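First, one chain by itself in structure tokens, the form solved without its partner chain.
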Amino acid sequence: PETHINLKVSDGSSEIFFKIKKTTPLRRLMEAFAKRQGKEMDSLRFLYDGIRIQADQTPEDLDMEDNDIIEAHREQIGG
């Protein structure tokens, strides 16, 4: 009954793979990515398969899959 999931976070020309438990909020994972880009985590909108996600939620909330991708984008309400 697999407990961990491998996810990728990408912003175009840079990516980072992470392993985390299905039940763990994406917070740390987002902050980690934001750190290595030298950016405010509020500076970034995070998409999963077109869905806008917030640090409060877990892979199982979003019903994520092994090798799923989170895309990180700049700020806009557009956008």
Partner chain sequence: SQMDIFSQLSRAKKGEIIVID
Given for the second form:
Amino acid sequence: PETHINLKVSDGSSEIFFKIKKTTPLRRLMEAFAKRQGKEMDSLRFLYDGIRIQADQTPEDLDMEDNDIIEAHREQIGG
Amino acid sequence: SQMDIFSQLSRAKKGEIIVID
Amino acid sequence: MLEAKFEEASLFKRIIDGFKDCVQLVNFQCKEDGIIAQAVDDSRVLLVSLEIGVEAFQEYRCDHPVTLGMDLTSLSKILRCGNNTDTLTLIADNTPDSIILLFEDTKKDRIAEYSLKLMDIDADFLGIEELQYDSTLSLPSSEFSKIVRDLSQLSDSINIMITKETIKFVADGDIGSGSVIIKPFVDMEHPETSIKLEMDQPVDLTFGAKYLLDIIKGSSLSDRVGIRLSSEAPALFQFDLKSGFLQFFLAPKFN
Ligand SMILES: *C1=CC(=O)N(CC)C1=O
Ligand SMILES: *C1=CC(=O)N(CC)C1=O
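Could you please show the structure of the form solved in complex with its partner chain, as a counterpart to the form solved without its partner chain just displayed?
Below is the whole assembly, all chains and molecules, this chain first.
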């Protein structure tokens, strides 16, 4: 229930499913997704609800509901 | 000009998992 | 049969009052797990849909789906002859042609009960599968209200326009234009003041401001509003209530 949360990070091509405590900084999650991609952490941006997720923030204060999708795109000049 | 809500409803209708704690 | 008991007749009156700002008639679809109040505005452009969940009621019972087509005048008339603090009970059988409201003062053993003849209403035909949505934003409902009150002063129509990182509201009077541009944002200090945008398709619609002016009254009920627009589909505005959901479906205007 209140314990954890499950999240998907999709780069449009592939996915990864994640379990983390609602209070954990997303930094790790983001890094985990980056390495499993073989990309540089700073070469992609993680969008959520239209905002640009910041490594510092946690799912809790982002209003994250179970099985939310997080969008990773290449760091470029908008779509 | 405004349109009708129904004629618009008519026209309209017609495997890894990583874990961190 | 149908037996719906509100703890306070005023709760029901509040509902009836809300509706009386937009519509004359409501259809009360009573299903086994709550009631879905449905109405269409007189000019046939706005569609309101209220979902009174079961825990909203003091005691609910529906042995079989019935539709109670009511006239909001009549209903308000009956509600006068009742005290806001009385319990209210709607009583109907499996195929009604008439309903009974039953007011009950518990602290005195007073019981009052009036009949109401039902009628046929076309908002029985609200069979929207909710469809699907190019874009979906959500924002503080009063913030949305402020915007609407401002630009509705400029013009008879308002234009919403969504883009990968931009919601842009605009109105053009022959006395002045004006426009708001908002951007998805979050803060930890006040999470509930946040703007969430989920875009899949740039959208650009225009709505009659008077309708938007009705729609915004929902803000008293919910401190956030969800907006879902799609190219050629009615826009959805919706407010979460504790025991249900208020929803408007508004047709955009064509060019
Ligand atoms: C028109 C204003 C309002 O608040 N509602 C909800 C019942 C309307 O239908
Ligand atoms: C209370 C006022 C009134 O007109 N009626 C008849 C519907 C009442 O019950």
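Throughout, rigid core stands for the largest set of C-alpha atoms superposing within 1.5 Å between the two forms. Residues that one form lacks are left out of the comparison. Numbering follows the first chain given and starts at 1.
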Fill in the blank from the handout: Listed in sequence order, the shifted stretches between these two forms (at least 3 consecutive residues, every Cα moved by 2 Å or more, rigid core superposed) come to 76 to 79
